[PDB]
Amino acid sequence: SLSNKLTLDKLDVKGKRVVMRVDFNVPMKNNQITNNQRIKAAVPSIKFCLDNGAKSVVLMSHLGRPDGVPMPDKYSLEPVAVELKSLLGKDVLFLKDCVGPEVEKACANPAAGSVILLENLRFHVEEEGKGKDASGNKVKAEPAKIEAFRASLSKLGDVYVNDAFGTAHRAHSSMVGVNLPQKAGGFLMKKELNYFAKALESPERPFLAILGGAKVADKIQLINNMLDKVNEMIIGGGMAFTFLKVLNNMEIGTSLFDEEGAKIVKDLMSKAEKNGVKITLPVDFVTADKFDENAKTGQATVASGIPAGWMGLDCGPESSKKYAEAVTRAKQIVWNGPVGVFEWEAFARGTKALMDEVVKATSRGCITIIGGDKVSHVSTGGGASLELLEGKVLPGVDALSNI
């Protein structure tokens, strides 16, 4: 809901310095960005600010989980400044901190039209307002220091914009603690919330949810919430083996089994039935001799069982056909979590086949929402999308200025 909140479309930014929380928490390997979707997604807000004559746009974000220690060797945002520069066609000034005297001076009166990116907010304990030491023990943030941190962030612009939808579930200093008279929702924040509100409150029907992941127990609220809204649900990925063991006494080898989620499958299925929700579980598998990209591979059905010492790491082809049937009946699809270990090519085919069906569904006019232009909406949300889908509230939205 953004009808009583200040949004960027109505913020006057001409001649003003804009401090903007974004979610540049991008997947990385070897200090290379392996997906820049989160960065591209922030561009329309940035460009609007620049185009309407902002003095500067100061971008701040976290990356990974350094837990309040500066870890520039592992979780620096520097590669993001590079990437961002090429997305924008504008120089981006990268600053090696996010608070303190030097950062404040650099942001005090920048050259007109400047784009500045701060280093990882979570290098400070004060952002999350808790942290960890190098022995793993809980470090407390001092309230006085949390207040100095927020006060420093608040100096870096004249107006605040939150476009960090992927972080909106976190009540962290940069998300709720910035003290400026105008705290406005950005274009991403608005676009994300709009798609999810339309999908959840006014769905096109039949509404299919595709939920994949490793464990059942952490997805109970998610599944329960979805079962009150949808007509159909695919339950895929490794958590499917918990359902199949309990519902069909499938022999699952060494595949994932959620000893606690198992005890509540009966209740999820009962709720599905009372709601007229058709549940589609996988019926066949690509198996592996070990959890390894280069494991030896085999095939199994529910009927054959998976052999001892082997684990299912993708659905197989009959499963992909049954998933395709449910996709073909859908007018709206919300898909959260892969159906197999798609990072490894040997165990990607089910996720790729499913994507194929979803893309074909978009071409037919169906609404397709996929998680953190071939589909209706690729969410940047991640954990925030899961929290929205579990009925929960978003402190990053809540803290915006009222009109």
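Numbering follows the first chain given and starts at 1. Basically, rigid core = biggest C-alpha set you can superpose within 1.5 Å across the two forms. First, how it differs from the form deposited in another entry.
Scanning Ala111, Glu201, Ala134, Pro101 for the location where one rigid part gives way to the other between these two forms picks out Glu201 as the hinge. Rotation of the smaller rigid segment with respect to the larger between these two forms, from C-alpha superposition: 25°.
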Given for the second form:
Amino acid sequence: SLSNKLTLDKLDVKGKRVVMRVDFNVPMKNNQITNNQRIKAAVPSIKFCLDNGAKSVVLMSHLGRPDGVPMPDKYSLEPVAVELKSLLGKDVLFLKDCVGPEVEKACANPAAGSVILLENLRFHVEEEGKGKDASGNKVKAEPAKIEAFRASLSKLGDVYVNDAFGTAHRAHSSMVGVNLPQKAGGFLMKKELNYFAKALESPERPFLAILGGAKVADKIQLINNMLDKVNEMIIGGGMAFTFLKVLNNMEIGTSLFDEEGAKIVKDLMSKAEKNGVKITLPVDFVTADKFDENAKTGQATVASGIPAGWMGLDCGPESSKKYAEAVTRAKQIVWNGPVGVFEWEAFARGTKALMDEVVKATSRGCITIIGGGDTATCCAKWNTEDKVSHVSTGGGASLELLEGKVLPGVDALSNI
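Now show me the form deposited in another entry; what you just gave was the form deposited in one PDB entry.
For this one, just the chain is written down, with no partner chains and no other molecules.
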């Protein structure tokens, strides 16, 4: 946690320019923000800096996975700037880049109280260290250029704050590479780390983890360590199909599949058996003939398989019944990742049914923790934010805490 680290409440910001990493990677639909949770969560740190006399606050974040190519068409942070203005009651200057001489000039000596938002960090390959070129070939950033990127970010403030809890599992340039003498954790980082420290110290048992979503390559690699902490796991959403293909030889069509993760599925199941972790996988599905809101839909089971060219985008009723049975057994639940494409109504029933069960569980004393940019948007969509124990801004970041890891964005902060 942060007991050993500098935090914003101990940082003198009067007359200082503050460069602040935030997680403004908000969900979007029809080019509009669908949930401003992650933006509102950063307002306490921003307002604290302004109220205590900061010369300026320079905000930097990524949006989506543009893979090191500028894509202002679909991944610009400009809409976040307009949303942040109304949440702050103050104007926000949006810059169309995050590094280079023009950005440096705009941030060098701003008018007192200026709030500046920079363009998407991941438009530059040096933020993640790797990406793709505009033709889609995978590329690696050059070390000299990564150092220059970090040096440019470091010029934009006198002191650094990291409030980007949702990104704190990423050792990316903006998260671990800023070279300023004082590097402090923000109030969202403190709030989230303190909550999880308490909730993970001696979880109530049975402790269920619900793992869904679409970031299969990343998150399947977290299960091994989770199996030492939990008593049950639901594996749903896009995660399930890699398991069902390997274990059941199920036909999955064009459903999400991770070739590298497929190679560890049997090892994970053996470890779950060794550790007494009950694994619940879906047994039926809502299918789609294309990845589209208005796709033709169908039904499938594990026995039937998903037809060629179709994809499973939600679980079916028998799966929901099994998910509900595990939720009913739990005394503590951590849930990251919707169990279907809940943004599209044809494919939202399984996630809504599961949310209903989690809310009922909270009512009878279960500790229920929902985290993630997209999973927290389920809470907003069905108006359950106040009906679960905690809604976190971190998804993958919360799973890495469940694993017992120190997060790089925390580790990179100054020590007291």
